[PDB]
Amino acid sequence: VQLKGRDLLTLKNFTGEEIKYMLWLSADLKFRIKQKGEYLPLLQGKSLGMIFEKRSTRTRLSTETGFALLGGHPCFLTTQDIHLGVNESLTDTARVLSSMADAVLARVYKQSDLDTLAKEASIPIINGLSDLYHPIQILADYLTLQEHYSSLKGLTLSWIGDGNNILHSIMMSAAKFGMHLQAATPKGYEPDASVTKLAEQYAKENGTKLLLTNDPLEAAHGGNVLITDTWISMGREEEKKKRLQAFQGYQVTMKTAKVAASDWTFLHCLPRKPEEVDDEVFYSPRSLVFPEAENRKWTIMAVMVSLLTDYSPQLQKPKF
């Protein structure tokens, strides 16, 4: 595996082996720093441009404390403070960022903006969430699952919710780890047809199952991991009611868990609202939500180290 200098816009560009390497490095960095208490200045004398177009708590903190914990300087940049709209062409900000920072993490709306940024910048561009994908979230999720189950292959993931960026990222990666996917979305709220097609292909290549359905309980049946995220989230758009009406019945409850495998667990990328999951499941001993949120930090540290240095993990490779 050779990842230095690459961008990380989506997991579709990464093989099973490459994503497994990032989880190995995550585990290595976590063992060395969190458990052995070592100081590892691997990104010393480096900087990161962190462009944020939307609010963030987890991606913000994990990237900022993580970049800094390796001795590098993270630079928090917003639309309000820098030139980015009608203020300056993205080609120009991409070249300017290239000569001043060593990499960019950018949370945008348009995935097309990440593509322009990656084409125009000569430094690594990491996706901090876009409307289409959220790869660095799935990195934390899969690490949290490997830590819980001691392996990944053969697990069935049960998505219940909107056919959004988190589901597309799972779709781009689950089969590469030999994990099955059963996903429930309302009619008209399906995953992107292009992504589904590629997920079907990955499932065939890896001998895993892919199931798309509109029934929450069908998605949950025999699943080891129940996964959801905010659906209602129309923000605050008066006419909404329909993201409530179409999504009625998608709340993850213990009824949902009753249908799942005996060793079931629960994930949610956060922030969480009451509509997608109730308090009984969200704060269940089986809920891996806050371990998951913590692993956003060790995995973005591993992303940064693999895309910018030639560091080799000292840890034994985790069983996947």
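Positions refer to the first chain, counted from 1. We call the rigid core whatever largest set of C-alpha positions still superposes within 1.5 Å between the two forms. Compared with the form deposited in another entry:
- Checking 197, 187, 209, 236 for C-alpha shifts of 2 Å or more between the two forms, after the rigid core is superposed, gives a single hit: 236.
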Given for the second form:
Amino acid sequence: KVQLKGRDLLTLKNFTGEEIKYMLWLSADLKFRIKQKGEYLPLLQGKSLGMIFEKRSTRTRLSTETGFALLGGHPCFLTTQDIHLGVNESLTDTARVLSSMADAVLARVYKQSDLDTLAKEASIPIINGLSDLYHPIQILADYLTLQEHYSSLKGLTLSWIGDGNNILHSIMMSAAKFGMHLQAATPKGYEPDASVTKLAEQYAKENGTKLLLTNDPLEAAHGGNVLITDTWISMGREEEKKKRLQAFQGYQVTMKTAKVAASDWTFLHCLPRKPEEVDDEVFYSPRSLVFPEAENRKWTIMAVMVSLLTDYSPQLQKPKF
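With the form deposited in one PDB entry already on screen, would you show the form deposited in another entry?
No partners, no molecules, just the chain.
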């Protein structure tokens, strides 16, 4: 049915609901076998990963590095200051050299087009470790965390309040494929990419889900089962701090926000979190799934790597989505 071996993972728009559910099934299987049963599964023995990071990272870095190694493989952390990329060398040449020396690449970049060049020029899987446009592997952790909390995903309403950034784009490329509704509030002038919105409208129509884009936080939060935010100033945007602090006033998630949400509301944030987007009462609430979510970055990137590099079949019963 689902065949993911050898594929790239640059964005969730290139994946069906069934393929993304397969990745969450494998995540749950690997988490059960290793975290709960204590098995050692050397599924990536004799394999290596090239990790290119052009931006800082705590969770993507740790989850990917300890995750690849936990399956018996060798992760190699490469930064801008150590390798030749950009300066003495082109991306086409870097891509061909990585192909012959590693079995896959995870790259945290600025330009999504750099991930496209890497996928075209390399003959090994390229995984997006976050770009300015999309962050697909974050949403894998998010939807596994919500399936574990609610015991299913179909019919949940996701309520985004914040910037029209990479995280919202990845939710837009995937929520309807799971039968989930999306209500998203951004400041005026900080909307999601018109092309992404257009494709999210199509997915909503195909799956019979709702998509609401607004500038009002309480309209996005109304009836939502999950409240979701992120920093107002993403990496590479620090020059705009002053303008963004002014434009985003009134967009902090608080218990006033939650009062309008469904009674079973929970909260997500990809982290790192700052005091601006959400207050401490919601961030550290018993309803906040932020640290479960962060943990699931590890079991989901392990599943991505196993599905793109092996023919391993999940032993676990498929979770209810």
